[PDB]
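Below you will find one chain, with nothing else, as structure tokens; this is the form solved without the DNA, and questions on how it binds or moves follow later.
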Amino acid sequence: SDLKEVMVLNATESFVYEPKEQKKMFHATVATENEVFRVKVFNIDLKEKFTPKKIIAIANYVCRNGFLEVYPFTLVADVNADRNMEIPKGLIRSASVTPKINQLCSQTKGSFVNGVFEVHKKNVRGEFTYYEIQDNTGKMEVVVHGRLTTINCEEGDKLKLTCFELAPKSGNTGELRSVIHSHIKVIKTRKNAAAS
């Protein structure tokens, strides 16, 4: 949990993760030359620091659930042009690799998951919406509740998921569940998309 100098890879928009108090955050992915870190940023004013390709020094963050959490008390500082980090392309690509469904749904232990998944079917059941996602290894379900039930995602669209919890279930029945920090970007097929 020491000071880290990292290159910013990507960041989401800021969004409200807790509607009643309108608490906001954004997710970011950053890298040293050896490792990629998933970052939850709870001070939205840091959006500018979190520009991709910028190098920043972060310290006094909190490590929780495999994420670095950045709060107002966290140090985030611009690092100069002197540094000039080379982040191996393979490492950067490792940031974007989507886990395989057959491995996910067979997990015996929970974890938090990011990835892009194609939606096969959608079943809205009350306050929960179930998406059956599929890849070449099989199919499983993504379950969302709360604010994420309003997203517009239809068969053939992809869910780009950030911070979903894998909840193990016996029989390779494990499922991805939205949690307080979950974020979805829907990638719509040309067929389903708005057009002009």
Contents of the next structure:
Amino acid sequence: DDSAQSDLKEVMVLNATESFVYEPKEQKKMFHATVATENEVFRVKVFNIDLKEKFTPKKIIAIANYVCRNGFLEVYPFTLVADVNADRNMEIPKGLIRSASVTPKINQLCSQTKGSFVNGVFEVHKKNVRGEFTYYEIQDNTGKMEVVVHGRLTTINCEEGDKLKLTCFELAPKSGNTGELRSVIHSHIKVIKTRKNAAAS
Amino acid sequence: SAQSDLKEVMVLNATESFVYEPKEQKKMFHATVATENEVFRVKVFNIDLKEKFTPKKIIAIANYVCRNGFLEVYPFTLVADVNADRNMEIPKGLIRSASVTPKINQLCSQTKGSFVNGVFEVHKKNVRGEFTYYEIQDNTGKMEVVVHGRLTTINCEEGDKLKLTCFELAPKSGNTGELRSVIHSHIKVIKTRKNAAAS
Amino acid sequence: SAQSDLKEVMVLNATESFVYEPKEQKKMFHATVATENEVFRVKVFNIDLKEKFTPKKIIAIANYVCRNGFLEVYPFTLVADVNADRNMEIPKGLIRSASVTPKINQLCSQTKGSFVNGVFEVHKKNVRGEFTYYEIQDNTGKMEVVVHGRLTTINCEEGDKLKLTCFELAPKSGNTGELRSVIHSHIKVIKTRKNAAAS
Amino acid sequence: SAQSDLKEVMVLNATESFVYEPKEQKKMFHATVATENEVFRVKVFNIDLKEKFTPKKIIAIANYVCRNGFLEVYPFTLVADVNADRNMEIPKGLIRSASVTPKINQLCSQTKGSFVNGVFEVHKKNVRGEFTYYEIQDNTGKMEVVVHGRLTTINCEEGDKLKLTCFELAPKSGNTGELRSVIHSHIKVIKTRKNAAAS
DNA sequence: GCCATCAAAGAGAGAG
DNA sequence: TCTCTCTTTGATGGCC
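May I ask for the structure of the form solved in complex with the DNA now, the form solved without the DNA having been displayed?
And the full complex, kicking off with our chain again.
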């Protein structure tokens, strides 16, 4: 947000979610994407759902008239997204393409004293369903933590022993040197079910 | 001289479940656990307890058997998941000490026969009949591993390393002491640069 | 009727050296090699060649014995390094076709004897005397694997995977074939994590 | 285009002071400092500041010069201790990738020059006149490092590791790029097993 | 000398 | 089948 260059960017698209409704009442539909300049990696909120094709991964597009909010670039119907020519042939550093796809370790997120927004895959250890807020205890080799789900995201199917592919969840300061992750407006969850839990054909 | 009282311990490490007795098919795995004040070696004879012995899991252990400096866990032994509130803090210095490999000139000089665990460099190896002789060494000196039975069929070579478990130290006259594979013995072989299959 | 004329190849994969004959301490390793046209199964009886057998390496092999679909590489065999001049490119579909496990319903319906490199799941292991029978399974059906000798000593339990090299599929009445361990047979057993060692 | 505004940083590492220009006996040291959100290569030309540069210390810097990716600290530059109040948390990920040595596949193939730090093992060393060249290698490839001037007199043999600070990468036509000695170059030689002194 | 974290590769799950 | 992601393996820096 604050001091946001906002200047036009040249970026290849990395990975993207399918279109979905994050706001049930109005049926507001968005999708998430991560793109990168040769220099730096950005997370992307796309509120014009006609841009999915533009965002097909391995595709280089031009982006301008976008909003900077919460460390994200926000793309609207008025936002310019267009195909960049074959002249560039931009080569994006492997180290970054990996870091944008890396999942933050739990003990890091716990020890974290600052708020932020997280993507990553997480193993669900305990699932505690309470009213409109479902808690998923997630685990790794370095420790375990809590994920609170509310809003539309409560309706999904994730069982203890499944994995959550998290996209845009807030980390908030919580006493005890352990932080809690919260389901927010634009949050999206892809569930990875182990083969025993999934349907069979 | 033992305890046998119920203990809340956290599992450090557990081997795989293996057959130490091929005649009857009898199976076991070895584990290591800790309380605040010390570290225990565990021979677990109920291998359905494998899950429970997942490292970084705290459990209660009761009705086990202390034998030869081991706790032995049988199917009549109580092993159960501990109260989630615990959050025990286990001293680090003691983990190393439980995880430390004895020096050879220190072992070969042993007065009283013990059961050893440790990892070592294998220099010479000699096969005679139903026995296999490993000449092992480090900066302090050198000694021998004497393997027999099921283990003789294992693949380990010069420059390979033996990760050894419950091997009986049998002191000999004139610092000739040697390690021998006993009934509950287990080995992981950690190979050198390329000892193994690739791709 | 085997050509035996010198081939220049690239190394795809190779097993570690192992003792396939305990009595003599006879050792060998396996390797899959490739030209641009065809994939070859190598047996290597000189294990000091293991360095020339690094995967990705281009090499020439001459004066090797062709027996049973395999190229047998002995101490007198010619194995040397291939320079940058070659720069040979091997077809993806073929390099891939070499690493594919034949489906189980295929091997049964096969009325011909042959040799197989495959990975499978262990359905039911019934240990009987000095023999071990692993039922295996995939999407397309089920069958048996029959082990004997040194390979019975292996630790593979129901729920593990079997990496097999040089196993003989034999014609068997009932439109299902079996894989009988042979002398040069090799197995890498792949354990699920919950059964695997931990720390 | 570097900040030039005051920096609150913590000292990570530094070198000893050395004479980089023996004619006037000009002296300097290298240091690496880091803030919350990034790392900087520093050049310190008032050697009396070595005290201030203790690792694990927090200092403020301003009125420095940013040249060639380095912060240049002169006698006129402001260097002073940091308030006991600061308490800054520096990410391990940012430090670890400052202290990461480049792979040689990355360096030889660059079109443009920069100033490099790293640890490399020496393979071949051959000497001519005022010039000395070191072929270094890692898993990704191999290349040369050309040292003329004061750094020729260092003791480095084949097999030693070279720790370089501020050597210039000079790309050449067809992946021929190399690391050259400049006026601010520094080296520590990390000697290997049987090379160095004893008792 | 052991363990922390971390980058590159065989192999599994999805799709066209 | 072939592509993509991934669980898995080998390195490398830090503490006793």
